[PDB]
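In the block that follows, a single chain appears as structure tokens, in the form solved without the ligand.
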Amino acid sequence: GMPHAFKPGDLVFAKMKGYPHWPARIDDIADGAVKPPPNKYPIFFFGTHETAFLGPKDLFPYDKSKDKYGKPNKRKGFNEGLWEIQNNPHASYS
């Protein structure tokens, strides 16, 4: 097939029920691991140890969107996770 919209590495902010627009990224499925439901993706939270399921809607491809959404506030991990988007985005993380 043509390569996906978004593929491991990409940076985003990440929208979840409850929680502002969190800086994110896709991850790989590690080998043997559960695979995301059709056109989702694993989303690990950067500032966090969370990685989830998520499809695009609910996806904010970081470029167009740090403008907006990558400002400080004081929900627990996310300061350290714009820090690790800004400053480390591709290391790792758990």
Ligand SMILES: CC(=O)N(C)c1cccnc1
The other form holds:
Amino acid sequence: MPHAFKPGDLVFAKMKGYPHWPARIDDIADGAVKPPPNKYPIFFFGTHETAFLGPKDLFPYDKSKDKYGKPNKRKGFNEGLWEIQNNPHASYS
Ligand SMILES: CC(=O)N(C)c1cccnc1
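Switch from the form solved without the ligand to the form solved in complex with the ligand and print that structure.
Every component of the complex follows; first up is the chain already shown.
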């Protein structure tokens, strides 16, 4: 059975106006801004932007890749696919 989400988990993350997007649950660095309660720090592959989202917007990568892991016109999307598939745990500083 599923656990709760944890840092390092790989997902497709959905925001209003954008396709399901390759992403990871980030850690919070010591001394860094924490998210609101009930929200996770989401790092989006390709764009390298962060947002705070709840589970309703988070689709586990393994289960969803066949639906969602297809090239897309949007800026950074295809880079994002390479990253989630090829080095999803790296520093994208
Ligand atoms: C892919 C991407 O970067 N998206 C969807 C985003 C992330 C954070 C804020 N707005 C949009």
